[PDB]
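J.: So you can see what is in the structure, the chains are spelled out below.
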Amino acid sequence: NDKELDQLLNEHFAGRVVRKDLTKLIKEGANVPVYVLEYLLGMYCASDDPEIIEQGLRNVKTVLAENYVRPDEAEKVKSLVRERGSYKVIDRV
Amino acid sequence: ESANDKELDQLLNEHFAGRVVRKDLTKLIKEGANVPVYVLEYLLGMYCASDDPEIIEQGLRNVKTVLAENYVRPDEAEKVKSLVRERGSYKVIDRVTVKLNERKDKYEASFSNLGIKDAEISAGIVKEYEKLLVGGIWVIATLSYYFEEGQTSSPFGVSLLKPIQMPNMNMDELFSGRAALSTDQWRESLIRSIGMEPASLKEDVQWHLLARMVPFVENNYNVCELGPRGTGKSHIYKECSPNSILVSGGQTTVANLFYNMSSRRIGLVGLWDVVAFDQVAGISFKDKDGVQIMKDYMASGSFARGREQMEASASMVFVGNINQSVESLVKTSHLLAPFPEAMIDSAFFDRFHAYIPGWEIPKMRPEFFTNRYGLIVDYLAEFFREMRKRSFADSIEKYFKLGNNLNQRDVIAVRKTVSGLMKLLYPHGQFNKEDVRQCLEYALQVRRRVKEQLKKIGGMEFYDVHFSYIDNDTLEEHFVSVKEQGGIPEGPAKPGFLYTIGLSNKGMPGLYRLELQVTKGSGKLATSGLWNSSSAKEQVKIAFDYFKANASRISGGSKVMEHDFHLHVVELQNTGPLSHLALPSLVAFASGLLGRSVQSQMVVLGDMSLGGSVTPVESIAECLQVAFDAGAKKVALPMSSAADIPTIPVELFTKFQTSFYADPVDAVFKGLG
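Sequence lines, in order, name chains A and Z. For the first sequence, my numbering gives the first residue as 1, with consecutive numbering after it. For the second sequence, my numbering gives the first residue as 1, with consecutive numbering after it.
Rather than coming from a laboratory, the hints here were simulated on the basis of the structure. Ideal Cβ positions, reconstructed from N, Cα and C, are used throughout, including at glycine. Some clues are possibly wrong.
Simulated coverage check for chain Z against chain A, where a stretch passes if three residues somewhere in it have a Cβ under 8 Å from a Cβ of chain A [claimed, not checked]:
#1 125-134
#2 265-275
#3 384-395
Calculated from the model, a selection of chain Z residues having no Cβ within reach of chain A, i.e. all distances over 10 Å [unchecked claim]:
#4 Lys99
#5 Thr183
#6 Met639
Mimicking DSBU-like on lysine-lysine, the simulated pairs with C-alpha atoms at most 30 Å apart in a straight line are [said to hold, decoys possible]:
#7 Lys389(Z) - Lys27(A)
#8 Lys76(A) - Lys117(Z)
#9 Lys106(Z) - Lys76(A)
#10 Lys398(Z) - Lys24(A)
#11 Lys64(Z) - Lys30(Z)
#12 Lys61(A) - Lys433(Z)
#13 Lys162(Z) - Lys76(A)
#14 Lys401(Z) - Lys61(A)
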């Protein structure tokens, strides 16, 4: 029935279920709120295949690592925007 | 030794060419210089070619001449400005930061000592050295002045600029160098890198020195260290790191430390990698919520101020002086009595990921300062800063599991400390099981010390202080002791104390202390410190059942069913778990329930079955020798063990008042007198 519950929630609350335990694997260390990671894994979950879950989890880790805007380097980021014309960053807007 | 020292020197010169220097000559310059040490390191790296004494001395002359000529005294600062205007250009040494004035779309450099705040600098200089944009670096600069009437920009411009710190980091080369060296060589070189003599220090002191470096590599990694004066606790945080700040006096307002709402600016915890509070005895915050904000940040790594929650990665260190003896402090409030009373709170100390026993380190003496090659301080600091970005706390799950005594906070603390040590010693990521073994043992021990102190403060809630780790291959559970603190006293103790001797699981004779606490209850039995052993719990249950069975013969009216008993096993020699504990448990129950103190300096030997059958003392001579070593004056033995008395040495046997009982009840009677 648990799988039936997951089916029903996916049917009626699509994109709102995140398979809690997975996010704990990312509590290894980060600088991002838990619910943000929840939403990211929700978008990148794709399916229930463990291989696909692991691959999307790796993609999420890499995405968080690549674009963080750690405050001390914030000014530097400005220059990267000014020199390159455009730059992608993760931040609270 | 000397050959090893020299070959290490060529290894450093080979794999870290241009990043190593004889650090002794540095103290030849330091005294007459206001410049931070790492700048001197970089300059000597630039101005020294080889080990020719003439070359070394001439390079030292050159460096002194450069510093004397081009330094800017703060009071002299205004003078320099005029010198720029009259001569058109002027060369200075100063720490420069850069910000992008988006209103003018131009790069403005700020000279902190000189007082200039918006000197125009070209985009090329900015692009060459991105470190200018992070926290500003010490550079040699060529100021230029150019004013036209009606202009709006700052008339000071910078034409030439050369950094005087390591501008870029190549950790691929660092990994190559580390892989090219042994673990012992790497650790010894790291110890040299802070200017200390590796050969003059013990291994334990080296590991505590590395524990000092740990806060530079793990985010939000708190640590507290109290010790005798003169051990150089504050040297590393104040001089040998541009990524650390030693807040003096501990007195800091929450607006400066964490967040200033008026300026909408983050405090120190967002600017520096390590914030070290010197001489914690003076810590006291004007606003009472300051301790609350510290607790929140230390617990979660982020703090909420007003309506906004903000994260910070600063690692907090608390260094303090100890004015008493080591042991005298143990019998004080606990160990952190030096800490201010406003900071004496169980929830506060529960956040400390580590205690560093600053007392064991020998006082700093000039022969402890190395004269050999070591990494440039700036290079080491950049290494630490980059290593902050990685994670290695998952290494334990490859080989070991944590014990069941560790709650989530203890688990987090031990993972953080293991990760920090692992990053310090093995940045390259290649390591074996025994290395992780050593690091995990160290982390568990240092966390356990905080656990003991917090237990001494809080009573019962933090009882699980028997931290241990389980191998994944042999499933052998290794327990870690505080060693230092975990070193027979004198006079009768209160009922519930007794000292027993037995062969551990390794078959070695060892001493253990049994602790019984009796409260009003319903005959329930609780156990702690039994190494989670099913067997030891079984003998404890056997002893409790036998005591319940023969309560009338011993108590004479005292009711077992009306009182709850809690027993605790403390191993004072780290020999291993003991299974032979039935008779000492029975004597414990008898002493605790009757309220009678056991005879002073008596060690009970032998064991019993559930029916009360007494067993002969295994390794009687060795156990007696151990009793003599620990200070036992009286011994209680089974009658059947008397057959092994002729095997006892005469001189050993003459030292004790030997008691032979017959059955466990007679053992009780002998014990209680």
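J.: Given as covered by chain A, does the region 265-275 of chain Z meet the bar of three residues or more with CB within less than 8 Å?
T.: With 3 residues in contact (Cβ-Cβ under 8 Å with chain A), the coverage given for the region 265-275 of chain Z holds.
J.: Hint check: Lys61(A) vs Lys433(Z), CA-CA at most 30 Å. Holds or violated?
T.: holds (27 Å)
J.: For the pair supplied as a hint, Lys389(Z) and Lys27(A), is the alpha-carbon distance within the 30 Å limit?
T.: With a Cα-Cα distance of about 15 Å, the restraint between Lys389(Z) and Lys27(A) holds, given a limit of 30 Å.
J.: Are 3 or more residues of the region 384-395 of chain Z near chain A, judged by a Cβ distance of less than 8 Å?
T.: n = 3 at 8 Å, threshold three: holds.
J.: Are there three or more residues in the region 125-134 of chain Z whose C-beta lies closer than 8 Å to some C-beta of chain A?
T.: holds (count 5)
J.: Is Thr183(Z) truly not at the interface, in the sense that its beta carbon sits beyond 10 Å from all beta carbons of chain A?
T.: Non-interface label on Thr183(Z) holds, nearest chain A Cβ at 25 Å vs cutoff 10 Å.
J.: Could you let me know if the closest chain A CB is still more than 10 Å away from the CB of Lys99(Z)?
T.: violated (6 Å)
J.: For the pair we were handed, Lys162(Z) and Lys76(A), check the Cα-Cα distance against 30 Å.
T.: Between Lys162(Z) and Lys76(A) the Cα gap is close to 19 Å, so the pair holds against 30 Å.
J.: Starting from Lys76(A), check that the Cα of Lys117(Z) is at most 30 Å away, please.
T.: With a Cα-Cα distance of about 18 Å, the restraint between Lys76(A) and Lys117(Z) holds, given a limit of 30 Å.
J.: Take the C-alpha atoms of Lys64(Z) and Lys30(Z), compute the straight-line distance between them, and say whether it is at most 30 Å.
T.: With a Cα-Cα distance of about 10 Å, the restraint between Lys64(Z) and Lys30(Z) holds, given a limit of 30 Å.
J.: With a cut-off of 30 Å on the C-alpha distance, tell me whether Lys398(Z) and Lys24(A) pass.
T.: It holds: about 18 Å lies between the C-alpha atoms, which stays within 30 Å.
J.: Given the hinted pair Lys106(Z) and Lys76(A), is their Cα-Cα distance within 30 Å?
T.: Distance ~14 Å between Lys106(Z) and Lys76(A) Cα, so the pair holds.
Violated hint for the displayed structure: number 4, the only one.
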